[PDB]
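My request is simple: use the sequences and hints to build the entire structure.
Spelled out from the first residue to the last, the chains are:
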Amino acid sequence: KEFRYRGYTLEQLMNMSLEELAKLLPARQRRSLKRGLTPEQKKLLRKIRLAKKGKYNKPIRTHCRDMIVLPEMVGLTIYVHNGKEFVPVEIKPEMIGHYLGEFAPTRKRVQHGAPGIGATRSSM
Amino acid sequence: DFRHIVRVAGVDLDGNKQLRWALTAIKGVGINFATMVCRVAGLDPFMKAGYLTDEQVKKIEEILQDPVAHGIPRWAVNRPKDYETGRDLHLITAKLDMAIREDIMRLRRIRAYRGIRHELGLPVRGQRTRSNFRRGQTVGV
RNA sequence: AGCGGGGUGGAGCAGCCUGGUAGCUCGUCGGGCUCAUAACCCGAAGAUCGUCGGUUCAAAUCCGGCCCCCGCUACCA
RNA sequence: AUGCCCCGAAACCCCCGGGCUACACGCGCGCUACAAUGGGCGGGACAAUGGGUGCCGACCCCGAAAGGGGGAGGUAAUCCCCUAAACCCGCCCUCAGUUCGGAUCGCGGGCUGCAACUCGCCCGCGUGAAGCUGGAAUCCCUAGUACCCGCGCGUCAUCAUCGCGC
Ligand code: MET
Ligand SMILES: [Mg+2]
Ligand SMILES: [Mg+2]
Ligand SMILES: [Mg+2]
Ligand SMILES: [Mg+2]
Ligand SMILES: [Mg+2]
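Respectively, the protein sequence lines represent chains D and P.
For reference, each letter of the first sequence is one residue, going 1 to 124 in the numbering used here.
For reference, each letter of the second sequence is one residue, going 125 to 265 in the numbering used here.
These aren't lab readings, by the way, just hints derived from the structure by calculation.
Cβ coordinates follow ideal geometry from the N, Cα and C atoms, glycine included.
Treat the hints with caution; some may be incorrect.
Claimed, not checked - Computed cross-link-like contacts, BS3-like style, restricted to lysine-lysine with a CA-CA straight-line distance of at most 25 Å:
| id | chain 1 | residue 1 | chain 2 | residue 2 |
| --- | --- | --- | --- | --- |
| 1 | P | 205 | D | 23 |
| 2 | P | 151 | D | 1 |
| 3 | D | 42 | D | 84 |
| 4 | P | 151 | D | 34 |
| 5 | P | 151 | P | 183 |
| 6 | D | 92 | P | 205 |
| 7 | P | 205 | D | 1 |
To be verified - From the structure, some residues in chain P lie toward chain D, with a derived Cβ separation under 10 Å:
| id | residue |
| --- | --- |
| 8 | 141 |
| 9 | 145 |
| 10 | 206 |
| 11 | 208 |
| 12 | 210 |
| 13 | 211 |
| 14 | 230 |
| 15 | 234 |
| 16 | 240 |
| 17 | 244 |
| 18 | 257 |
| 19 | 262 |
| 20 | 263 |
| 21 | 265 |
Unchecked claim - Cβ-Cβ distance ranges computed for the label pairs, FRET-style:
| id | chain 1 | residue 1 | chain 2 | residue 2 | range |
| --- | --- | --- | --- | --- | --- |
| 22 | D | 77 | P | 133 | 40 to 50 Å |
| 23 | D | 115 | P | 139 | 53 to 63 Å |
| 24 | D | 66 | P | 219 | 27 to 37 Å |
| 25 | P | 225 | D | 86 | 44 to 54 Å |
| 26 | P | 133 | D | 58 | 30 to 40 Å |
| 27 | D | 113 | P | 139 | 35 to 45 Å |
| 28 | D | 108 | P | 250 | 28 to 38 Å |
| 29 | P | 250 | D | 82 | 53 to 63 Å |
| 30 | P | 181 | D | 108 | 27 to 37 Å |
| 31 | P | 220 | D | 9 | 37 to 47 Å |
| 32 | P | 198 | D | 3 | 19 to 29 Å |
| 33 | P | 253 | D | 82 | 19 to 29 Å |
Next up, the structure:
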């Protein structure tokens, strides 16, 4: 019942170089990592590593909806902007390889009301 | 010799069809993969399925168990780079169905966007929904 | 309590005597035609048949007891 | 371009993230089909208009494909895009929701870009929805015209079921 990503445990994924990890992700993530990180993602990664070291005991909030979830981010809680607010996301091991924005929906679910005037030919 | 019904891997096959088309009744085997397995097994793809012998059926099922080990390219299987073991696998029947169900369940557990779309029964791959994809009854004004 | 009658889409009848769709008018929803509304034309939803059995290859109704309803009469505590 | 009225430390000027892409439903214009006046596999034929230096790229090598690494010539009647499809020949299927149809979904591989989840395009294997010719109504067209078949340019870093042309 333990977690394995390609036959590797979480600890094995922890002790992997960034280039080595990219060979296990899908094509899109591998290309994105091969081209390097944007400066904003660099700042976010610095904050995450600082929090892991035992410092920065504050909520982590970000605008970087296109950041790829990495194995070293497992166990934290991140607040991703959805357009008007930061929603909390609890990172689980099975989230490796996905963008952050996948967990912060931007639109509200639709519940339809009664059709109005002009909705049909006879109602105009 | 001729048998009007032949059972392969738990599926009954027509005996009057060509082998390449007879094998497509198995869920998880298309026309191309069937031709590949027929050529690997050293059988004429155009032979009637009703002339098979027991050893040939055994060979075909063995090939279907582990196709990669028998010379089929790694890019022709229907589940390469498995999520758990990391190997290249080919699945048929029930195992295929439960693998797909497990993938969708994994998507749903983490509350990903595609998981919500699967739950609500809405298009997943970015289609527009204002005009088409209508399945219901007209509402009156 | 006795006698007679029938229960058929949301409404009103065919449908049983002569067995082969559950059919006919109104109604609800949608579309046509017109610059537009009314009139007019078209399509769809809606009664698995109100329970069992006998008949029949085939009916509900042909018949039978049950479900309740309707009408007339009897009925002096 | 411009009169009047308004805002004039915001209704002006920048940056980040969202939306214009939502979805019980009504409608317009189209594409793909409902198969033999066909589907698949191998082989054989014949164009025109246009465009190219922030670009078109022959030719060689690697890869199953999408693609990748070098790179002649071209500021162009000189080099390149550029050996079209419908059509013809041979074999399989024989009236069936099928060897018809290819919507929907799973896994994997790529390109453009500062960025691909919301929300891009391409490739391999798998899966296999409605649809068996369409009521009342209603549209276009008189000759190289209508029908059928592909191609070029515009938009354009990437993206054509569109517009204008051949
Ligand atoms: C009237 O006669 C009366 N007493 C009859 C019986 S009452 C239950
Ligand atoms: Mg009217
Ligand atoms: Mg729009
Ligand atoms: Mg086909
Ligand atoms: Mg996307
Ligand atoms: Mg047919």
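Item to check | Violated hints, by number in ascending order, as checked against the structure | outcome: Hints 2, 4, 8, 9, 18, 25, 26, 27, 28, 29, 30 and 31 contradicted; others consistent.
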